[PDB]
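Undergrad: Letter by letter, the chains look like this.
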Amino acid sequence: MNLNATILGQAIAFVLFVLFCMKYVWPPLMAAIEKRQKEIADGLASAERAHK
Amino acid sequence: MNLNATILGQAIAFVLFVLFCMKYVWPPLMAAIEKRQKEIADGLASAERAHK
Amino acid sequence: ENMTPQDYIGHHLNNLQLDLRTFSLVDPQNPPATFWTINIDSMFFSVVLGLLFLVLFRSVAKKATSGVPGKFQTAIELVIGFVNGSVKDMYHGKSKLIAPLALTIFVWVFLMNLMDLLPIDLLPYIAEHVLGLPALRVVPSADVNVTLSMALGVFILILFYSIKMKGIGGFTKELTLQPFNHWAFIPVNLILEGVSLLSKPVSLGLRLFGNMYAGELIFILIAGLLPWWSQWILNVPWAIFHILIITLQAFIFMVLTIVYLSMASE
Amino acid sequence: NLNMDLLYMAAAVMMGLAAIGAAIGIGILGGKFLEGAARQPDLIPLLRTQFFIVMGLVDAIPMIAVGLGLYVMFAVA
Amino acid sequence: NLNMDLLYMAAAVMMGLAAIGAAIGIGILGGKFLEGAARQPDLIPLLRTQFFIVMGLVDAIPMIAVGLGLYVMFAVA
Amino acid sequence: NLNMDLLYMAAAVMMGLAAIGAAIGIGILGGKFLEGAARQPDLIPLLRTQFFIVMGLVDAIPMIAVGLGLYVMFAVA
Amino acid sequence: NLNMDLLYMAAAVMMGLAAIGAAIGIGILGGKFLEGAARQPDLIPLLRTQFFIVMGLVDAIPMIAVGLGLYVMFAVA
Amino acid sequence: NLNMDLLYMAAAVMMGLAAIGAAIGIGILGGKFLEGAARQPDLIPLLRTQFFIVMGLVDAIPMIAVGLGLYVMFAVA
Amino acid sequence: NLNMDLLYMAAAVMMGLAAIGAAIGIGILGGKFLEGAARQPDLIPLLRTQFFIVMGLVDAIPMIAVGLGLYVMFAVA
Amino acid sequence: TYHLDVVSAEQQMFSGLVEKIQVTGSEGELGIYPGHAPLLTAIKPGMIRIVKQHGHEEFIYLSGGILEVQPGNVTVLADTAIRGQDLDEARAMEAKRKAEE
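Protein chains in written order, with my numbering: chain C, 3 to 54; chain Z, 3 to 54; chain L, -11 to 254; chain G, 1393 to 1469; chain R, 1393 to 1469; chain H, 1393 to 1469; chain V, 1393 to 1469; chain E, 1393 to 1469; chain B, 1393 to 1469; chain A, 1202 to 1302.
Next up, chain C with everything else stripped away, as it sits in the complex:
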């Protein structure tokens, strides 16, 4: 067997994994953080209505 070939196949398999992670795993996270900074803002706006 060729050892540097194993590192080549691992690179191709990592690149294809990253490209899945970016399109199916990361956006659910940046969705969640963004939608918990939406909630906070609404509550702070509600406090201004309490202030009025």
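Some clues are possibly wrong.
Some but not every residue of chain C turned toward chain L, in silico, with C-beta under 7 Å [to be verified]:
| id | residue |
| --- | --- |
| 1 | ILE14 |
| 2 | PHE22 |
| 3 | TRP28 |
| 4 | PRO30 |
Below, simulated DSS-like cross-link-like pairs (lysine-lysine); rule was C-alpha separation at most 30 Å, straight line [to be verified]:
| id | chain 1 | residue 1 | chain 2 | residue 2 |
| --- | --- | --- | --- | --- |
| 5 | C | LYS40 | Z | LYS37 |
| 6 | L | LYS84 | Z | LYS37 |
| 7 | Z | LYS25 | L | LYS161 |
| 8 | Z | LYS40 | C | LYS40 |
| 9 | L | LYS50 | L | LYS84 |
| 10 | C | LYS37 | L | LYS161 |
| 11 | C | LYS54 | C | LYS40 |
| 12 | Z | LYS40 | C | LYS54 |
| 13 | L | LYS82 | L | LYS50 |
| 14 | C | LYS54 | Z | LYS37 |
Please keep in mind that the hints were generated in silico from the structure rather than gathered at the bench. Virtual Cβ for every residue (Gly too), placed ideally from N, Cα, C.
Fit chains Z, L, G, R, H, V, E, B and A to the supplied structure of chain C, relying on the hints for placement.
TA: For chains Z, L, G, R, H, V, E, B and A alone, kept in the frame of chain C given last:
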């Protein structure tokens, strides 16, 4: 596999990460969260008092 | 380089055990025989990931503000609320220990499993060639010694809480009397309740090792056997699956620790 | 030499049979927990207690069987 | 060599089959406890007291099999 | 004298198959009692009487295999 | 022969029976999740977290035999 | 030498048993999806997401056994 | 000579257990289709679609087993 | 054969002896035949269809109801509408304002 002196070494690292996390990380974070949650309740009370 | 694949798969499964007596970086051709040969790789990577846990959370805990939080600070308070909401679900006592214990177990056991995702030859190559170390394997939780060290750590907590919160009088009743009640059954009950207590932590640590060892070994086999052009079609579907296992085995070690420490006292 | 080498086959039998017994036994018991949890969901922390009561009885016999299998491999063999 | 070998094998079949019996037989019985728990939850302390009687009979016969398994390994050797 | 070694194995398979049949039989039979107790709990000492009348028949053949396998292990071996 | 080939046969028995036990036990448990999730489709986050409590206990005991089966092939043989 | 024939038998036991557990556990699990997809046919996009979450757990231990059976036959034997 | 002969016994256990896995697992999954079609006959072209989605997962493992049983019998033989 | 009633709180809709019915059950379509074991269901909006003695064919549309079966008897307790709209709570809203104004 093989049982080893690593079992004691990891037990020192485990206790000391729990002690510095217990003092330093957790109380200052949860004071800061509860200090926000408390104010939201204060705003709601103010809205009730205003109406009355 | 005379790597046969049966030997390539061999050398990858060898940790950096080193004897206190000789203080010598052993290699896979001949393993010495003594207890005192710390697995260098596991301690160093375990504390470096454990430091990275504490350095990140302190760099936020020392500043975190009750305004609109920043986009980094919000990712830390999401894990804080996830950990506290899971504690608050399954534990009612006053103890200041359970909540941070549950945090460190989640975030550290998560970081340990995450190492298994990296390409299996990346760090082991650099350590042999650049440094010159005889071996490396870089997943800490894919070795028993760390997982039994955590699971016996939680067992000493299980005994401390059952003594403290209900006393030797109460602990001696529950170990003898249940589950058959009559004093005629006490001799049998001492076997059943004693081993069941130990069965809880032994399942904790060997669940975590059993998953992680048999996931690292799959990347070693796929790397060792298949030719480079073909590895990605069996590697990529497995890394996509093991992202699920690294989370669930960190979440379950958290959850069962809470459940065992919580059901110990109440 | 065949004396110890068969003992690994003795522990394989003993703790393999325990693995089918305990996993199916908790799988049945846990299924009646989740269906109980969907009929009365305000009730889960009651029933889960009960699940942890009886799961402590289910595993006790398989876990000595696994423990005695581990003993044959590491101690005896 | 192979007298002492086969005794450990004889204990593996004895404790392996007993671990299937004790685990599966409480899986069925304890799932029927849980469904009577879910249907009438205020009644749990009564059924639990019936579950511990019945469950004592189920294991009673597997636990003389386990007791002879530990005898064959430790005592006969 | 090799004869002793198989008789422990022949007692092992009677007491293992007895422990499976006598534990899963009382698990199925006792689990229908507990749903009968969850439905009609003023009936329980009526149903215990029928449970003990029926449970004596589940244990007719297994207490003989435990009976003769425990013979083979001690009297004959 | 008899050293190496039996150790693969021991690992085959350990990690084959764990394949039976952990698959069927989670098939049984996972069907009650999907029945509860068809009855109460607002509950699925609550039931899946209960499912993750229960599935942890089912898989733990087979995962003893999975890790030790890999030990017998790679570390022993 | 003869030894290499037991290595195919060891893979045969390990790989066939993992085909018992991976096929029946998905059948049990999958039929419970169809039964709930018959009921609430507007929820086929949601239940079919849960099925892939729980189905991922069922076949996991069967996937290790099938992977080690291929290693034994081709790589070792 | 046994290096020919055992390979047919080694393939018989692979294509026996692959046949018990694929036939029971499709029978359980196919029977739940047949009730839902009897209850909801408007939905058959729907349920038949999801039956064929779910059926291809049940067969993923048993066709590894039968393809290696054909390979072991004829190629290595 | 068995004796079918169709009734509502307002009226008897039908009564007579019947050889079989098809009726639209809560979980699926249903047929009832002589001596069928006792049975209880709600019924969906739609047709119930009947064959009287001598197999004479009769269809009735129902907004809904409850079907039950007993030895020798079938009775359908039909009702005027789904009622599940509950928009008639609004009809109570002006009952308040007209009292206050």
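Undergrad: Now look at each hint and say whether the structure bears it out.
TA: So, going through the hints one by one against the coordinates:
1. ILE14: holds (5 Å)
2. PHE22: Holds. Min distance 6 Å.
3. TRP28: violated (12 Å)
4. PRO30: violated (12 Å)
5. C:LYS40 with Z:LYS37: holds (19 Å)
6. L:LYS84 with Z:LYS37: Distance of about 18 Å is within 30 Å: holds.
7. Z:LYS25 with L:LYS161: violated (36 Å)
8. Z:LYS40 with C:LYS40: OK: Z:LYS40 and C:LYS40 at ~19 Å, within 30 Å.
9. L:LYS50 with L:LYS84: Holds. L:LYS50 to L:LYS84 sits at ~19 Å (cutoff 30 Å).
10. C:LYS37 with L:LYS161: Judged against 30 Å, a Cα distance of about 51 Å means the pair is violated.
11. C:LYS54 with C:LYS40: holds (21 Å)
12. Z:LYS40 with C:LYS54: holds (20 Å)
13. L:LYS82 with L:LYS50: holds (25 Å)
14. C:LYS54 with Z:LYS37: Holds: C:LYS54 and Z:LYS37 sit about 22 Å apart, inside 30 Å.
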